[PDB]
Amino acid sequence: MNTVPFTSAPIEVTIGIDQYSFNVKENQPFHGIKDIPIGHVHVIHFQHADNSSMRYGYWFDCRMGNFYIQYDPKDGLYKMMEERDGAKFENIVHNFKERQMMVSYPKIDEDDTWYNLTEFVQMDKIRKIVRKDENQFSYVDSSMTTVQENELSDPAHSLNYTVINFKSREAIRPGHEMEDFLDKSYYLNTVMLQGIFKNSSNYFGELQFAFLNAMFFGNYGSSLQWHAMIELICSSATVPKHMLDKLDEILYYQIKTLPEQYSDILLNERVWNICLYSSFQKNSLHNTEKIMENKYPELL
């Protein structure tokens, strides 16, 4: 169990840690989050009470260092920082726990939600999508654009998702225009899995990270990436059976966790209707089709 201490909370803010959130008042004696499960990536996220346009946060893994939050009154945001002095850090954490100024990561023992959403997400791959090599943790916010979005302006602050484009040279073999456009198996299996991702775990890890960035930050380009990676599997006639079974589990937990009020902006009607009802895989996502039909029958 690990700890992310806070220097202070000078501004009223809704703090998120993974799928949980709590409201902190201006200058409320709040010194952080304890009992954070080791073995998973985590995301701490922020929405200012004054400016709900400040939706932003930090992907981190407690195994990679000692991380804390401190408010920057100049840049006007809660910043993540690494403490390299292990002894100063243990010291600070012990004192705030003793004074019980920390909230407990509020996990139910039976509850595998966060594991299920982050199964294939690894901090090393996050740091390749979000490039800032001096830090061990990755900043994401609502406004950040994707490399693909930027092709159609600041490259330092972009999300480096794998470019997927169904009407591209990469996607289509010359002489196989109709075959490759109607059956994307070539693009999925040779170009993306064997060529770029190397395996289905890396592919799923990017799909899950894209989803979580869409859900927690309302990051529009992440939503596009999540739908594109789903559509590329659903539009492929030839997909390994283990990948179909795992995709069904992945999507089930994403749809289960999505806030009901956000389904209208976060879910693309066309992709879902095509994946569940029209595509090669219309009969391969049993768990996903049942939760979608029971939770979002309107969208379909």
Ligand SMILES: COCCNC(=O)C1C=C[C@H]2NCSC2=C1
Contents of the next structure:
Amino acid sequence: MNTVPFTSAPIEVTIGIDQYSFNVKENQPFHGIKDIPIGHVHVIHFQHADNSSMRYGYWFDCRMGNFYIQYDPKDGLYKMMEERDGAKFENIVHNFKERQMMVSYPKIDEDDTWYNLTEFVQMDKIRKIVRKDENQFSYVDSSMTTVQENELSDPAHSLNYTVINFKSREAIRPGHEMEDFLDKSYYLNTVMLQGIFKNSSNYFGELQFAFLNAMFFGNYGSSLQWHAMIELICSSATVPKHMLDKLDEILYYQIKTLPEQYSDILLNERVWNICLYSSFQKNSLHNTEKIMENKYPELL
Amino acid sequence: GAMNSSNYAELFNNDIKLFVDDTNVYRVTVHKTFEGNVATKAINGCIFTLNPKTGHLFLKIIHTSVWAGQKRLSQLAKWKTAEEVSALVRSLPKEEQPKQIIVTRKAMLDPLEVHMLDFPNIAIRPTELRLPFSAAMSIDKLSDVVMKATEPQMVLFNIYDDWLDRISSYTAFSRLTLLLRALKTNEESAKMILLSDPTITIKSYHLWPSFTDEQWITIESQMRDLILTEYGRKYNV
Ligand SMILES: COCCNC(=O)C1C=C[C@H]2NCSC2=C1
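Any chance you could show the form deposited with the ligand bound after that form solved without the ligand?
What follows is the whole complex; the chain from before opens it.
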């Protein structure tokens, strides 16, 4: 179990750790989060009491170094930073624990939610989408645009997502126009899964990464990306049975975890009614369809 | 974006554009079978590709053989249209290729757009107008070449005959839509009106009668009356 210490908490802020969050008051004596399960990727995220504009946060994997948070009063945000002096880090941590100023990552043992939302999230790939090679952790916020939002303007602060475009020569073989536009299996199976992702677990990884960025930061371009990666499967007649089953599990937990109140901006009616009722896979997402019908029947 | 009465005059500027109407691409007669069930039989059809500035009509005729062994023909038809228009554009010298293609029906946009990916600079646009191009098969010499074709076949017409010698493209387009609208609402009367006086002929190389300027005014008025009339007879006013 690892620890993400905080130098201090000078401004009132809502802190999030994965799917948990708690309120910290302006100069309440807070010194970080303990008992974080190793073996998964994590996200620690912020929303200032004063300016609910800008949710922002850091993807990190504890196995890749010792990370802490320190507020920067020039840039006005809680920054993630790496400690290379290992003994200085174990020492700082131990003192804050002994004085019990850290909240505990509060995992119920029955609960697999986090694993189920992050099974395919890879931290080293995350770095090659949120490009910033001098940090082992990755910053995202609400307002970061994607590479494809920028094709339609600062490239260092972009989300380099896997560009999907259904009216593109990538997607449409010459002479197979009608066929490839109505059944995208060639774009999915050969172009993307065989030529770009390498395998489906990678396809699921970016798809999972997109959703979480959407959910945790209200990042609109990540929402677009999540729906497109879904649309591409739902619009393909030939999908490996095992991908379909995992996708049904993947979405089920995404829909389970979505706030009941954010559905109107984070769910795309067109894409879902296609997956669930119109498209090739209308009969292939039983778990996802049941939860969507019982939780958000208004959308459909 | 889309085309309506407000940007109506753009049609007659000097950027090359074509209208595509796919209404008459897939045509069927519906009949009963010996077992008393219903079946369709396809008949030849056509794509109606028109340059409104010049009058040039690229009539691509769609022989029934193109449907043999195909399923979901109404949807195929839209893609078949898109293939043929793309093929048409590719066959044109660059300076003859259009800068816009306006589809008469919104369902054609994706099929054409997908077929035109190689031409990113050619705008594919819908329109809000209720243009009467489906009545083009009420034009005897068009209906004839379509029904007689034995193979796919492209045939070039000028749908304005020699009108541009005496009037503008704007007026020529207005006459054509008036004629076609009349033909669409009451083919029989529309045609009686055009051909009553056997002393006005249709030259072998034209589609419409050789009316004088004054005779065209009388024609145009009678076609208006017909369209109003038929609108009364239809709405009882
Ligand atoms: C650079 O590769 C383009 C295809 N994407 C991947 O391989 C990813 C795998 C897992 C991911 N987890 C998080 S983000 C991500 C991307």
